[PDB]
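Protein chains: 6
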Amino acid sequence: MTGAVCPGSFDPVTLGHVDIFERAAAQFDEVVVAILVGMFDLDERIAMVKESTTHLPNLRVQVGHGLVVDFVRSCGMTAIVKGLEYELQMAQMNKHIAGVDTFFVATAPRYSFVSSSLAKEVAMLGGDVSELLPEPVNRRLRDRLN
Amino acid sequence: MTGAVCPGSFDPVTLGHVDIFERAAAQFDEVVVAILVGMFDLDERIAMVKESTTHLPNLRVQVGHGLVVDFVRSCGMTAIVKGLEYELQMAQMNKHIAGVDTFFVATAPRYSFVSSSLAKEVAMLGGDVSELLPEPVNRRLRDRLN
Amino acid sequence: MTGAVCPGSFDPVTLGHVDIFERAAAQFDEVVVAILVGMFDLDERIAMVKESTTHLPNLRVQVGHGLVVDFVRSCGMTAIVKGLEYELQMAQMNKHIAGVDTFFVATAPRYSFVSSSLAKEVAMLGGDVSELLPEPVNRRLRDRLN
Amino acid sequence: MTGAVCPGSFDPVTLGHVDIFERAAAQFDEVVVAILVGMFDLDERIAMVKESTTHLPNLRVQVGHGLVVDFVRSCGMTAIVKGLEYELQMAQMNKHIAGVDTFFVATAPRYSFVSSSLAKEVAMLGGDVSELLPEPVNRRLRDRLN
Amino acid sequence: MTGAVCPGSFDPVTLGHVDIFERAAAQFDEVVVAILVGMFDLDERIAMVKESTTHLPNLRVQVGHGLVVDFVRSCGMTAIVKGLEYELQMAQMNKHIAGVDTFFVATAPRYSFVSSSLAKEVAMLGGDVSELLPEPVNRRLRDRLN
Amino acid sequence: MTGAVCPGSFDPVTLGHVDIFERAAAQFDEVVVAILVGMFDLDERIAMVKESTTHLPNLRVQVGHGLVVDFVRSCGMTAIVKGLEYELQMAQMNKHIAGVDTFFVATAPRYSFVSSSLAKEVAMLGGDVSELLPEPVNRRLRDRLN
Ligand SMILES: Cc1c(C(=O)O)cnn1-c1ccccc1
Ligand SMILES: Cc1c(C(=O)O)cnn1-c1ccccc1
Ligand SMILES: Cc1c(C(=O)O)cnn1-c1ccccc1
Ligand SMILES: Cc1c(C(=O)O)cnn1-c1ccccc1
Ligand SMILES: Cc1c(C(=O)O)cnn1-c1ccccc1
Ligand SMILES: Cc1c(C(=O)O)cnn1-c1ccccc1
Numbered sequence: 001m002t003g004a005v006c007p008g009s010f011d012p013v014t015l016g017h018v019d020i021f022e023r024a025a026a027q028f029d030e031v032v033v034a035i036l037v043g044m045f046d047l048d049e050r051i052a053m054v055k056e057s058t059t060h061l062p063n064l065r066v067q068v069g070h071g072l073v074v075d076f077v078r079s080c081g082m083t084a085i086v087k088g089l096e097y098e099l100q101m102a103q104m105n106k107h108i109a110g111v112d113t114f115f116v117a118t119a120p121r122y123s124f125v126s127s128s129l130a131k132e133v134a135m136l137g138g139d140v141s142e143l144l145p146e147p148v149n150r151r152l153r154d155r156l157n
Numbered sequence: 001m002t003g004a005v006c007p008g009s010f011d012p013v014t015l016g017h018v019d020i021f022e023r024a025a026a027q028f029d030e031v032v033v034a035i036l037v043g044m045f046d047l048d049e050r051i052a053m054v055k056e057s058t059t060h061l062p063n064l065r066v067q068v069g070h071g072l073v074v075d076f077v078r079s080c081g082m083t084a085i086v087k088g089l096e097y098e099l100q101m102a103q104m105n106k107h108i109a110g111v112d113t114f115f116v117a118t119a120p121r122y123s124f125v126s127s128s129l130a131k132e133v134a135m136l137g138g139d140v141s142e143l144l145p146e147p148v149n150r151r152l153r154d155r156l157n
Numbered sequence: 001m002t003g004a005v006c007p008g009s010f011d012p013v014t015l016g017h018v019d020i021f022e023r024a025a026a027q028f029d030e031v032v033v034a035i036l037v043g044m045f046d047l048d049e050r051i052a053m054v055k056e057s058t059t060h061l062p063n064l065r066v067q068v069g070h071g072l073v074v075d076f077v078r079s080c081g082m083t084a085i086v087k088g089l096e097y098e099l100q101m102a103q104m105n106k107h108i109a110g111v112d113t114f115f116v117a118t119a120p121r122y123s124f125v126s127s128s129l130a131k132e133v134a135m136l137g138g139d140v141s142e143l144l145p146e147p148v149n150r151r152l153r154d155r156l157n
Numbered sequence: 001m002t003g004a005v006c007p008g009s010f011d012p013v014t015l016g017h018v019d020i021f022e023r024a025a026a027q028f029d030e031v032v033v034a035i036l037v043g044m045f046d047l048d049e050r051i052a053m054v055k056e057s058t059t060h061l062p063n064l065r066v067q068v069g070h071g072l073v074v075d076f077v078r079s080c081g082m083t084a085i086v087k088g089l096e097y098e099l100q101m102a103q104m105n106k107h108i109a110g111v112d113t114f115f116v117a118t119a120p121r122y123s124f125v126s127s128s129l130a131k132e133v134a135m136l137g138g139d140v141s142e143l144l145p146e147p148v149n150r151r152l153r154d155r156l157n
Numbered sequence: 001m002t003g004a005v006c007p008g009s010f011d012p013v014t015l016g017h018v019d020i021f022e023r024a025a026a027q028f029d030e031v032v033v034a035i036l037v043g044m045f046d047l048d049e050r051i052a053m054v055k056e057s058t059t060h061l062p063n064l065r066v067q068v069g070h071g072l073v074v075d076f077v078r079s080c081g082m083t084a085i086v087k088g089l096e097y098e099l100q101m102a103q104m105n106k107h108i109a110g111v112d113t114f115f116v117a118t119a120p121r122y123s124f125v126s127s128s129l130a131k132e133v134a135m136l137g138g139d140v141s142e143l144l145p146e147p148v149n150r151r152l153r154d155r156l157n
Numbered sequence: 001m002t003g004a005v006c007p008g009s010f011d012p013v014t015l016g017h018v019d020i021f022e023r024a025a026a027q028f029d030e031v032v033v034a035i036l037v043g044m045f046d047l048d049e050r051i052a053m054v055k056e057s058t059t060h061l062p063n064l065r066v067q068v069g070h071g072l073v074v075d076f077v078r079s080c081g082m083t084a085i086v087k088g089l096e097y098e099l100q101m102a103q104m105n106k107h108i109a110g111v112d113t114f115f116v117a118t119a120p121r122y123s124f125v126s127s128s129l130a131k132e133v134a135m136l137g138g139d140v141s142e143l144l145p146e147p148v149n150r151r152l153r154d155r156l157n
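Protein chains in written order, with the entry's author numbering: chain A, 1 to 37, 43 to 89, 96 to 157; chain B, 1 to 37, 43 to 89, 96 to 157; chain C, 1 to 37, 43 to 89, 96 to 157; chain D, 1 to 37, 43 to 89, 96 to 157; chain E, 1 to 37, 43 to 89, 96 to 157; chain F, 1 to 37, 43 to 89, 96 to 157.
Honestly, the hints are just simulated from the structure, not real lab data. Yeah, the Cβ is synthetic: ideal placement off N, Cα and C, and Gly gets one too. You may find that some hints are simply not true.
Among the chain B residues that face chain A by a calculated CB cut under 10 Å, a handful are [claimed, not checked]:
1) 4
2) 7
3) 18
4) 23
5) 28
6) 86
7) 112
8) 115
9) 116
10) 117
11) 118
12) 119
13) 138
14) 139
Derived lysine-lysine pairs resembling DSS-like cross-links, with alpha carbons at most 30 Å apart [claimed, not checked]:
15) 87(D) - 131(D)
16) 106(A) - 106(F)
17) 106(B) - 55(A)
18) 55(E) - 131(C)
Go ahead and model the full structure; you've got the sequences and the hints to work with.
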């Protein structure tokens, strides 16, 4: 039984993130999105990820606390997956202390420039980033600025 | 049925490569090492990979020709795996033309500086790189310089 | 009528910045330096830029607020110019939301290591950075530490 | 009268290149594409660029020989423009010897992974890169492999 | 009389740091570790460095204040040494204002991923980083979390 | 007795190289420039380095053959010094096989863009790079193109 954890703060989840979720889900038996404890509270973040991933039956969303590698090993998962040198440092640290591996996958070109932080700053100053975020995020983003 | 292809020229295979093979084998149901058509001939390269991977029951070694993505899709595998911006270019090109994904994994620190080319040049000028290569490679390396 | 905006916090403006201003001014009909809202207050920053750019007749200095791309398009300018991957992210975000282009130009070698932040920290601890800053900045820098 | 030269071997011209041509043409009075003296011969390269740039009235295509900065200054142009550290080295060398400036612009995300060399290798091995190249190039590419 | 200063906050000193100290000590007549004014207080930091460097007779530990280049020149030392673009900026700034040179040395592979900050965060959340830190640091680390 | 080897092909030696030689000479008791076996023949290369380094009494020029680390250890020197990730690979390989350390030093800003290859190509096509090369090189460069 193969499994990958996709960790992050997801504040908010982006289409870049969902693309990674989709590709992990295609390769591993199970995917767990670990929301690691900002603009949106934990509950909102979870909802937004769930609402954006209904098309991924083998994906589960879960709040995480502490070391990501503890999360991975506790839930019997087998790997961390994340989208793309700082990560390099963490991946090797994570292999050192817990034997957990990290698989990196390149961003789809069209999402190469979107980040949660940049989306937030642009949204707050009146820019349209709705093409870079899931509709569940867009919906909540509109409501929080209105 | 999940599966990863580990492509390369493997001239010769290094311990860095074997580490990647090992980690792919731990996460995917099947691994195919694709030796893509130099110092060693094709037969030698195959042998060296096979001799170095006997401890990986779900790994298979195979010569490859043409686009790696054709190789992946023909053998029903689901992903390319390789050890680590040029790769970025290829991974996105490979996703564009064939929908094949590429998962990157960081080198173990102790193998961070070993490459087939550098090992060859150092070996040929009398340096000891045997700690960076599988014994089946070391054996053949000694014999080819003697 | 061609035009470039050179945005930044300019706290303070450096000779690296002025070099970029000079090269933009040489290529575009009009240049607007946008001081985006620290050590010096807004008024000081403006003055320092103006005092350092009197030799550039087609350059104008202006305080900016909000998205830089709003500033560009509102003033009918046609491009952002700045001196040199984070910028890459912003440039593509800025092209996405407003269609505004960003042209990057390499620092003159002699100013490759000067930044506003580094100049400030070195100046405050007693180091001589006057060769890296315009005399109007040097003048005000001396007075603020004395 | 402002002007930019877009230099390259353009063997063949890509949609990434055309995007750069388009953005240069939008900012400078005149653009000269300098084809610097491979798969396609000079004549083919010119044709392909011309056929792909008919929608750019202020763009001119011209074969170049020798230093790009000689080309720039001889034709009274004022700047080099190209799409994006090696370039950094050349830009500073070009500023040193001829006072010519280089403005860099980020690739559109969708063309971030396309290069002439990679397109050629993928095309020759049977991959479909027609979405990354102008139809005039696609046409000639089909005919040269058929 | 040759001499190198190894500057840093050393909060705490790591085995990566000690490796650099060792290599500097092997090449220069004298080494001064400059602890530049966090988890451990100044006294603890000093102790930890001293306890970890008893095997280096020509190494001295000293608190530093102000510009590192003032420290270098005041103590008649001749160079800064540190383990490895931000450093590039500082090294050139330091050469500009004080004529002090900086020699960089590559991390040993096995310590490539260890940093004071990352070690602290991992230690605090229950991870075992004792293989990456000197025993004098490990001892104090255990006691501060217990 | 401390000592550094500065290895390279020096075809030709540049002012960037001489700057590194100067800084090594200032920190180590002895410096050996190792010319590792192109435009200029071995004899010319030696001459050019010698003619450009007469002001460095503790510097010696010598042809090298084989592994640089063999050269270092044979001549009882203690370190490799060179001006600045490929180097990273080699430095760690060189530490692995021979225990030889490599100290990197940043280029002076004004020589950041000069390389032997780029100087040659620019010189051959009629560009003036004499400000980037020692007069002994300039002299020979003029004569070889005339
Ligand atoms: C890293 C990231 C963030 C973030 O860290 O805030 C938000 N989106 N993405 C992203 C992920 C994969 C591909 C593209 C973008
Ligand atoms: C890339 C590479 C080569 C090569 O490309 O020649 C030889 N070993 N490795 C390697 C692979 C994974 C980790 C470390 C090293
Ligand atoms: C980026 C920058 C800053 C800054 O961001 O603080 C201050 N100077 N420069 C600079 C600009 C162009 C060339 C060299 C230096
Ligand atoms: C550099 C380049 C090549 C090449 O160098 O072969 C072919 N296309 N592009 C390109 C240019 C701008 C944007 C994207 C791609
Ligand atoms: C930079 C660094 C830190 C830090 O900056 O916190 C802690 N260790 N190291 C280190 C130094 C040399 C080699 C490896 C690691
Ligand atoms: C690397 C190099 C070359 C070369 O490799 O050809 C020629 N000069 N330099 C150089 C060395 C130190 C500083 C600046 C430049």
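Structure-based check of all given hints:
1. 4: holds (8 Å)
2. 7: With a minimum Cβ separation of about 16 Å from chain A (threshold 10 Å), the hint on residue 7(B) is violated.
3. 18: This hint is violated: residue 18(B) lies away from chain A, its Cβ roughly 15 Å from the closest one there, beyond 10 Å.
4. 23: holds (5 Å)
5. 28: holds (7 Å)
6. 86: holds (8 Å)
7. 112: Result: holds, 5 Å to nearest chain A Cβ.
8. 115: With a minimum Cβ separation of about 4 Å from chain A (threshold 10 Å), the hint on residue 115(B) holds.
9. 116: holds (6 Å)
10. 117: holds (5 Å)
11. 118: Since chain A brings a Cβ to about 9 Å from residue 118(B), closer than 10 Å, the hint holds.
12. 119: Interface hint status for residue 119(B): holds (7 Å vs cutoff 10 Å).
13. 138: For residue 138(B), the interface hint is violated, since the closest Cβ of chain A sits about 26 Å away, which is over 10 Å.
14. 139: Since chain A brings no Cβ nearer than about 25 Å to residue 139(B), farther than 10 Å, the hint is violated.
15. 87(D) - 131(D): holds (21 Å)
16. 106(A) - 106(F): holds (24 Å)
17. 106(B) - 55(A): Cα-Cα ~26 Å, so holds.
18. 55(E) - 131(C): violated (33 Å)
Violated hints, listed in ascending order, are 2, 3, 13, 14, 18; each of the other numbered hints is respected by the structure.
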